[PDB]
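With one protein chain removed, the remaining protein chains of the complex are shown where they sit.
Letters A, B, C and D mark the chains as written, and numbering starts fresh at 1 in each.
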Amino acid sequence: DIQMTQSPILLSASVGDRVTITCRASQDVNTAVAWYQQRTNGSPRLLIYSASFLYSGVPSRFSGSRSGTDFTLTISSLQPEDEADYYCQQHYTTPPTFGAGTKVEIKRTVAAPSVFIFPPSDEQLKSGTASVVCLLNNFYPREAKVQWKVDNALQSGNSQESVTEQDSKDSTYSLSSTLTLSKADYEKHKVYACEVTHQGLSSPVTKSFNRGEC
Amino acid sequence: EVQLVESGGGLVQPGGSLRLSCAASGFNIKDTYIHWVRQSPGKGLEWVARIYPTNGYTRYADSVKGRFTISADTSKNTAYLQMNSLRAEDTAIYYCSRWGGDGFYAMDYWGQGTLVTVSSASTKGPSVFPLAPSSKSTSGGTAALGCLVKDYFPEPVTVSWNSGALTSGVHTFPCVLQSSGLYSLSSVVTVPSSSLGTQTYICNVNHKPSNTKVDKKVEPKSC
Amino acid sequence: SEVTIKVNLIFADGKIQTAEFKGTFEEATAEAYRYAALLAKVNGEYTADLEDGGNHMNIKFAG
Amino acid sequence: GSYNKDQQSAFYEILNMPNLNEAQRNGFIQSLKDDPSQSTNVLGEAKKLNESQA
Partner (left out) sequence: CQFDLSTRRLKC
């Protein structure tokens, strides 16, 4: 079989930059290489075929070239909607094989999150479990630390985070942290606090509520 | 337009069997190759099988040979993938694609893909809870609200707001796998504070694996 | 074992991109140097500084 | 469609396997119908699943 080695695995650049990603075949594949894009929740989309030819409807800021067994994909002026994964594929021998992909992220200015908190709903509380949700909205860069405290005691092992990919317009992230307890334990305590640390904030933000208040 | 639509993916037990279909339109599969390609955490994008419908020639990836068969019915412009003796590493998004269409020697159309989940765990429909707006979810004259879609299996769950009319400011988070083996996700939206209580906000939750359809209205809390 | 080499790509016009290479330390090292060479063709000669025992690099291109 | 004696033989073997459930047996039989070029490979994976479920 033929392997396709893609590098870098991750590349992050500003809107308007020229980005270059590469793919190396383990033996000669002539020009029988294609490049695909994959956006969030999407299917792979053909960009370049036969190493250098632009597929119909693809912006001309994409281009490809070949040098021996080394193939390059170039985006001459990175657009926000280019935030995606990129894959190369040889079809010179069976099985056709794909590279491991390069992820391309957009750089932009720092933006501190909006921090919101949601107690368990009454509906959920009727049936034995309580989920407490902390929401960090529209921030950049992705790195952030969320710590839970229940009556001032640091929580560990009972929360889970989820993070969106970069937003289509503003290239920001959003993040949710869910604290899960038994209904019994939730009613055993008063103060539920989400503490958020982020590069855009001059010091950590604590968002909290008292169980039972309005 | 050229279109490929996969169907048939779903939960199947290890050792079990599943059959996928690939319905083409806007071209005749007798003019191209048809491929199946899968995508998984362990292997990434991985070619599975191809068929040339005009003469019936087929080729297979070594890792599925004997366990999967590819075929095509040109009178229905449809291709199929029979999958037997399934294993946990066959869990993937399965895409069908065409190759050689209009002389293009690449896979220039791909279906939306269908998810195959190989597991002994059983289907479970989610509970949908409101994330009600309040004084703790508002700032700058905007207010966040949402829906907590908890404890379902297997993937996927879809969420829309106001039957898809409401899309600006919507963040639907990737699902998380809880220690229970059940999935959970939240979808939130940010809206004008002044619209709360005049504009109706509903999350439309669909979990097709359990025939769960929930349209949950989210309102500010009472007191 | 698996390491991630983080790289700052510093172009002559002052624009900065960041990239990662993963693999064994020697694989990831060789890939970063190969990528720098390729970018040097269009963006001018490169020099590479190796903070952190090699696991981070600053790669400047002459223009 | 019709089948030669070799494909017929493979059908017969899978039909008689005692440790397949009916979803599995018919899945493999469907594979024989799908792609007769794969008859030997399909028979071999059917045998492996049958043995593993003994």
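Everything that follows uses one rule, which is that a contact is a pair of C-beta atoms (placed from the backbone, for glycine too) under 8 Å apart; a residue touches a chain by one contact, two chains touch by 3 or more.
Enquirer: Just one of A:5, A:22, A:38 or A:172 touches the chain that is missing; which is it?
Expert: Here the residue in touch with the unshown chain is A:38.
Enquirer: Among B:8, B:10, B:16 or B:44, single out the residue that touches the unshown chain.
Expert: B:44
Enquirer: Among A:2, A:4 or A:9, exactly one should touch the missing chain; which is it?
Expert: A:9
Enquirer: Considering the whole complex, not just the chains shown, which residues of subunit B touch the missing one?
Expert: 39-41, 44, 91-93, 113, 115, 155-156, 174-175
Enquirer: Which positions on subunit A touch the chain that was left off?
Expert: Counting over the whole complex, subunit A touches the hidden chain at residues 9-10, 38, 40-43, 85, 100-101, 103, 165.
One rule holds for everything that comes next: only the chains that are shown with their structure count from here on.
Enquirer: Taking the mean of the CA coordinates per chain, how far is subunit B from subunit D in Å?
Expert: Roughly 31 Å, centre to centre.
Enquirer: What's the distance between the Cα centroids of subunit A and subunit C, rounded to whole Å?
Expert: 23
Enquirer: What is the distance, in whole Å, between the centres of subunit B and subunit C, each centre taken as the mean of its C-alpha atoms?
Expert: Centre-to-centre distance between subunit B and subunit C: 37 Å.
Enquirer: Can you list the subunit D residues touching subunit B in their complex?
Expert: 23-24, 26-28, 30-31, 34-35, 37-38, 41-42, 44-46, 48-49, 53
Enquirer: For subunit C, which residues are in contact with subunit A within the complex?
Expert: Touching subunit A: residues 7, 15, 17-22, 31-32, 34-35, 38-39, 42 of subunit C.
Enquirer: Would you pull the subunit B residues touching subunit D in the complex into a rising list?
Expert: Going by the criterion above, the answer is residues 15-17, 19, 58, 60, 65-71, 80, 82-85.
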